[PDB]
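Peer 1: So the chains spell out like this:
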Amino acid sequence: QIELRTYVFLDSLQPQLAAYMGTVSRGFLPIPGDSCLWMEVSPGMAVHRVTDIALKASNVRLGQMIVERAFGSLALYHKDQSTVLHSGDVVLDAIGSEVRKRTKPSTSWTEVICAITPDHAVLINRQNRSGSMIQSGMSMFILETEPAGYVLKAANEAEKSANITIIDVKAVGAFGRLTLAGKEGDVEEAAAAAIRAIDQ
Amino acid sequence: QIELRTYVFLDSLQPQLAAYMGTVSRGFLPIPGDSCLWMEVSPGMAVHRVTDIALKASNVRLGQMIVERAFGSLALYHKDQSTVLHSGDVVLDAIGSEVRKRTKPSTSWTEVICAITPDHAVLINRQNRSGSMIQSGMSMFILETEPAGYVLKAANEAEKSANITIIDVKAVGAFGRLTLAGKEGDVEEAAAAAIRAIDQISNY
Amino acid sequence: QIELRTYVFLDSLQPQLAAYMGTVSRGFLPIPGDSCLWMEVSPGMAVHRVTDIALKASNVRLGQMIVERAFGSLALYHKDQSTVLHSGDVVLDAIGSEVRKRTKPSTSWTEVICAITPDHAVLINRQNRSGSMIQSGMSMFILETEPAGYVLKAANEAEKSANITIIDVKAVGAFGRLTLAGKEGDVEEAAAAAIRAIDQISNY
Amino acid sequence: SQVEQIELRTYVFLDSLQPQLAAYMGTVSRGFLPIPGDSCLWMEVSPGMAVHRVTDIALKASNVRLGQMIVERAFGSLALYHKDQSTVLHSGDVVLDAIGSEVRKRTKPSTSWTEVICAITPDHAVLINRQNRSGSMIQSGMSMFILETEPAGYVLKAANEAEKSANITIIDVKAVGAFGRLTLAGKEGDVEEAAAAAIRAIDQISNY
Amino acid sequence: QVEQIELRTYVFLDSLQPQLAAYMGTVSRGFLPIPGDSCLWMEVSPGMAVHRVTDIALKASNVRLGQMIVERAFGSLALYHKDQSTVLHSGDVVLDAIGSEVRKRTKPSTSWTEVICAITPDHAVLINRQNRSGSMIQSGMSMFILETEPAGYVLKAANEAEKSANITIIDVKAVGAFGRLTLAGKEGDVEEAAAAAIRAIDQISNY
Amino acid sequence: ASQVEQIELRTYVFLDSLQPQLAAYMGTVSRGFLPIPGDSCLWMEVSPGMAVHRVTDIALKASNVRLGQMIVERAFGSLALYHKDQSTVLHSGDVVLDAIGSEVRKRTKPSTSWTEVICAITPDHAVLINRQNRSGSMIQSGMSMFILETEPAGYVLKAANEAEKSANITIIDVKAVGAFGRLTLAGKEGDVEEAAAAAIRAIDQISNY
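Residue numbers (the entry's author numbering), protein chains in the order written: chain E, 53 to 252; chain F, 53 to 256; chain D, 53 to 256; chain C, 49 to 256; chain A, 50 to 256; chain B, 48 to 256.
Each hint should be verified, as a subset may be incorrect.
[Said to hold, decoys possible] Counterexamples of contact, computed for chain B against chain C with all Cβ distances above 12 angstroms:
| hint | residue |
| --- | --- |
| 1 | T135 |
| 2 | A173 |
| 3 | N177 |
| 4 | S213 |
| 5 | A226 |
[As the list claims (entries may be wrong)] Only pairs whose alpha carbons sit at most 20 angstroms apart, straight line, appear in this in silico EDC-like list of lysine to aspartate or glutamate:
| hint | chain 1 | residue 1 | chain 2 | residue 2 |
| --- | --- | --- | --- | --- |
| 6 | F | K131 | F | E198 |
| 7 | A | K156 | A | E236 |
| 8 | D | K131 | D | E120 |
| 9 | C | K108 | B | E163 |
| 10 | B | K222 | C | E120 |
| 11 | E | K222 | F | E120 |
| 12 | B | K108 | A | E236 |
| 13 | C | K222 | A | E120 |
| 14 | E | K235 | F | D145 |
| 15 | E | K108 | D | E236 |
| 16 | A | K108 | C | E120 |
[As the list claims (entries may be wrong)] If you want a taste of the chain D side facing chain A, the calculated C-beta under 7 angstroms gives, among others:
| hint | residue |
| --- | --- |
| 17 | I83 |
| 18 | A167 |
| 19 | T169 |
Worth flagging that the hints you see were computed from the coordinates, not collected in a lab. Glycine is no exception: its CB is placed at the ideal position from the N, C-alpha and C atoms.
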């Protein structure tokens with residue numbers, strides 16, 4: 053009685069999100085245009101069997117896999133949507149679940165902050181930061197969701213919709229966080245897109 | 053609905069505590085004699101707004117800033133108390149809170165251990181120890197509080213009161229932990245002063 | 053108030069478990085054949101006193117010592133079983149506890165997966181793996197228990213019983229995790245012995 | 049030990065720190081973070097531990113702050129920051145006088161490698177993003193400018209100038225080591241401008 | 050200009066043996082190899098020239114970048130593909146583009162090799178604890194070690210040792226001023242592995 | 048199969064009795080079996096780096112010393128051997144030196160590339176020092192500081208032990224592995240000048256043995 057908690061499909065990874073996920077991935081690496089499936093199941097120890105099923109079902113490659121007590125996560129990459137989707141479906145059949153059984157994203161913090169200062173920028177740039185640098189004077193959008201993975205979708209759509217800089221995209225754990233920066237207007241556009249993407 | 057979890061004001065950083073915080077800070081660095089304000093707010097994501105407010109309110113510098121879900125922390129430094137206090141005043145007005153809304157320190161452990169052995173020292177000295185080294189044969193004082201930031205006040209007041217060695221001051225997370233070492237008598241003076249400091253806060 | 057959470061005595065560290073614990077230990081190091089006692093105690097801060105008592109009680113050496121709020125753990129090593137058991141005995145008398153007061157292991161996952169793929173093997177090999185490498189095509193046994201420390205007994209017994217490869221043994225935290233690999237038949241042999249070892253502690 | 053033993057491997061003065069460089073320097077150094085527009089004096093010396101004397105002298109001569117101090121395998125480096133150009137230069141003057149040296153006595157930079165590479169591949173880009181990168185992310189398709197020098201310190205000056213002259217992205221500026229390594233990326237036109245600026249800066253240090 | 054480039058290491062692995070593939074996947078920062086994949090490893094001076102070589106190699110064929118790193122002084126990379134000819138072609142294009150050839154590669158100097166039998170428990174833990182990325186050594190095992198200069202060459206030694214013998218890979222540190230190979234297991238197996246490692250280094254020198 | 052004549056004995060250093068801070072520091076910093084204060088320590092450094100394995104194996108098989116450290120760095124290999132009994136440590140050292148056809152007086156001689164005392168460390172300087180990959184104790188601004196850089200690197204260990212014998216100072220770091228060895232002590236000016244003198248004596252005694 054494994055259960056699905058998160059399912060997030062990304063048809064095509066935007067440039068920065070691809071570079072970002074490429075930076076933090078601990079398995080195979082994604083490249084721009086790759087399709088990506090992010091899943092989360094409980095209990096966490098079940099992620100291994102799910103991973104094995106996914107990898108044997110197709111040519112999809114494994115980018116990430118994290119085991120915690122309560123939940124486990126994995127990320128799958130391939131240039132073909134169909135390959136990614138097929139592996140998803142085989143997994144879903146094997147555990148007797150389906151997309152709609154996933155928990156929906158609830159956003160618990162959404163905010164734009166203007167003209168960040170140099171001290172604030174250093175701390176942002178230093179602490180577990182895997183994307184690009186924020187420069188003081190920039191504006192910033194921050195977003196938190198639960199479950200965590202859905203933040204990948206917000207990030208991709210945000211990037212599709214505006215000229216901004218990806219700073220960090222935390223998709224692991226119970227809480228998803230997105231941080232992006234740039235000119236205030238672009239940032240406000242990205243924020244709207246991000247929130248919109250979560251609302252579905 | 054930002055809430056105040058912790059507020060800890062330090063008038064003047066004692067030499068070891070400033071060296072220690074100098075060691076662990078990921079932002080601007082403190083030096084001996086700086087004032088420091090440490091705050092925790094909930095939810096954690098709120099620490100970014102508070103930080104921005106704080107740094108635009110005055111000439112304070114940001115020393116630390118940490119996000120977790122339930123809460124976040126920040127540490128502010130400046131050579132002038134009024135500068136540090138002003139940023140605090142501005143933050144508390146901005147979020148509609150006040151000092152006496154802070155969560156009261158709960159002390160979960162307090163003890164002195166005499167004549168630490170070599171293996172014990174090595175483990176202490178190695179596992180995320182950012183202060184000075186403990187030597188086997190020293191006595192040691194350990195303190196745990198909840199919420200965490202309060203141990204900074206216990207540490208500054210212990211150093212003020214006694215000739216001891218700061219080994220570690222864990223102020224981030226849900227639980228604060230202080231480790232001091234030295235000669236038994238000194239360690240006992242430090243222990244008493246650390247406990248006084250927390251008690252004051254509890255009774256404020 | 054100081055209570056015993058876990059008690060795990062290993063009569064003799066098998067070669068791979070010795071080399072694994074030797075890799076991760078942050079104090080004194082174990083060598084093959086050494087006897088080992090792992091204890092968990094609550095609250096976490098009590099582990100310092102328990103450690104001091106153990107080391108002053110005999111010639112055991114301290115290999116690990118971890119503090120978390122709810123509980124803390126320590127590992128004791130010595131070539132002689134009697135020396136290790138004695139330190140445990142002195143600790144249990146000092147805190148008014150005994151072995152049968154420990155929390156029984158609860159197994160939340162046990163599974164053998166055959167013919168692991170290359171991507172899957174790389175993630176395992178990279179993410180805090182401290183033991184040996186898993187190779188794709190190998191079979192794998194994964195075990196999770198709570199409390200954590202009991203996986204050490206499962207690992208040692210698995211090694212005694214079968215020709216396998218130790219990939220990882222997480223004994224710290226609330227949840228213990230064992231990962232072994234090798235040829236299918238051997239891995240199932242190891243899996244069965246691991247389970248026996250845990251059930252045995254459950255029924256003690 | 050005698051100041052006669054000291055080699056002044058790098059001496060580089062940055063009048064005004066550009067924004068990306070300032071953000072990067074703050075991220076990467078172990079000292080007091082700079083503000084964009086601050087002046088910075090960077091020095092590198094041999095033997096490594098002589099950097100302590102240079103540091104003590106600099107810090108007691110003015111209100112400069114210590115932005116960086118590091119002792120590497122062989123060499124010691126420091127950065128001094130202040131918003132006032134003259135405050136920084138005064139600390140420099142006091143140091144050079146104290147060690148019996150002067151700007152022109154500084155070891156001249158040799159360029160061991162420099163290149164623009166267009167249209168970086170996805171594979172190439174992700175390796176770059178993954179190998180101890182402290183700056184911003186390179187994206188495949190971008191062009192890239194690469195500069196390696198010895199001594200290492202000079203890439204700092206090259207980096208600041210390149211940022212002045214063009215719109216590009218700073219990936220890394222590794223100014224400590226046997227060799228200094230500057231990496232920046234962006235649109236080919238911009239990158240080419242940055243490249244020329246960087247090379248000019250290095251050449252000027254030579255013909256000075 | 051390419052004339053400045055010293056080709057410190059050129060190594061071609063026809064087929065990555067299982068342990069070495071598991072190892073190179075664990076330690077490398079690029080796309081992981083599948084066992085059996087061919088691999089080309091190159092090391093150049095000056096260090097940053099590895100960028101040009103990398104870009105030429107990747108633009109020339111379907112190889113993947115398994116590794117690329119610039120160390121204190123030197124730059125190295127690993128190219129992977131299932132098919133020998135695809136990897137080889139990448140290397141050919143690179144060597145032409147920089148005006149070099151396999152026989153111009155710097156020749157490995159062997160700065161240290163030996164077999165040590167019956168490793169002690171103290172010695173074993175220290176090996177297990179010092180930045181080890183491979184498998185665990187057990188006391189009582191024999192050990193083969195090899196240090197070369199340039200560093201890249203231990204990679205060929207390792208693959209060939211794995212072909213010849215049933216041993217355990219502890220580490221293959223192919224980046225640095227010196228390259229360092231550490232293999233362990235039963236004495237006779239280790240002696241076979243050792244002999245094959247040395248023949249591999251000699252074969253390189255006499256190509 | 049390499050021969051011992053290829054081995055350069057870069058450092059040979061015998062510590063009769065590890066002083067308290069140095070014992071704590073070496074236990075913190077090393078990757079082997081931690082020392083007890085008072086323990087004897089034999090520290091050796093060799094070229095080529097991987098030759099340290101042969102030295103290690105001979106050392107351990109000759110006596111009951113524990114391996115307190117063994118490391119192969121960019122170029123060089125070092126180890127530390129501990130035992131409470133002076134003679135037990137010396138024996139391993141004797142067996143090792145004979146096995147490689149060497150002797151104490153063949154050790155490469157320490158060159159001092161830098162040494163000085165700086166008084167009244169500023170707050171800025173002090174904080175960088177505490178932040179620079181430090182394993183030892185904290186320096187406080189206002190203290191004086193002694194620094195010693197040698198080549199080969201291992202020799203700073205002997206200087207550190209002797210300095211702690213002579214004065215009440217604070218060990219900040221003793222980096223004995225690398226192209227250069229680096230020692231940093233701090234304290235009250237008088238005490239630091241005393242420590243400095245003893246450290247320098249120790250390096251000179253080595254060259255004159």
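Peer 1: If a hint holds in the structure, say so; if it doesn't, say that too.
Peer 2: Structure-based check of each hint:
For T135(B), the shortest C-beta to C-beta distance to chain C comes to about 35 angstroms, beyond the 12 angstroms cut-off, and the non-interface label holds. Remark: the non-interface label on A173(B) conflicts with the geometry, its nearest Cβ contact in chain C lying 10 angstroms away (cut-off 12 angstroms). With a least CB separation of 10 angstroms from chain C, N177(B) falls inside the 12 angstroms interface cut-off, contrary to its annotation. A cut-off of 12 angstroms between C-beta atoms confirms that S213(B) is not in contact with chain C; the least separation is 20 angstroms.
A beta-carbon of chain C comes within 12 angstroms of the beta-carbon of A226(B); the shortest separation is about 6 angstroms. For a cut-off of 20 angstroms, the pair hint linking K131(F) to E198(F) is broken: about 28 angstroms separates their Cα positions. For the suggested pair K156(A) and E236(A), the alpha carbons sit about 29 angstroms apart, so the restraint of at most 20 angstroms is broken. Proposed proximity of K131(D) and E120(D) is contradicted: the alpha carbons are some 29 angstroms apart, above 20 angstroms.
For the proposed pair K108(C) and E163(B), the alpha carbon gap of about 17 angstroms is at most 20 angstroms, so the pair holds. For the proposed pair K222(B) and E120(C), the alpha carbon gap of about 12 angstroms is at most 20 angstroms, so the pair holds. For the given pair, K222(E) sits about 12 angstroms from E120(F) by alpha-carbon distance, which is consistent with the 20 angstroms threshold. The straight-line distance between the Cα atoms of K108(B) and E236(A) is roughly 18 angstroms, inside the 20 angstroms bound, and the hint therefore holds.
Proposed proximity of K222(C) and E120(A) is supported: the alpha carbons are some 12 angstroms apart, at most 20 angstroms. Of the supplied pair hints, the one linking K235(E) and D145(F) is violated, its CA atoms being roughly 29 angstroms apart against a limit of 20 angstroms. As the CA atoms of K108(E) and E236(D) are separated by approximately 18 angstroms, the hinted pair is consistent with the 20 angstroms bound. As the CA atoms of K108(A) and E120(C) are separated by approximately 37 angstroms, the hinted pair breaks the 20 angstroms bound.
For the restraint placing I83(D) at the interface with chain A, the shortest Cβ-Cβ distance is roughly 4 angstroms, inside the 7 angstroms limit, so the hint holds. A distance limit of 7 angstroms between C-beta atoms decides the matter here; for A167(D) the minimum to chain A is near 13 angstroms, and the interface restraint is violated. A least Cβ separation of about 9 angstroms between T169(D) and chain A goes past the 7 angstroms threshold, and the interface hint is therefore violated.
Of the numbered hints given earlier, the model fails hints 2, 3, 5, 6, 7, 8, 14, 16, 18, 19; all others are met.
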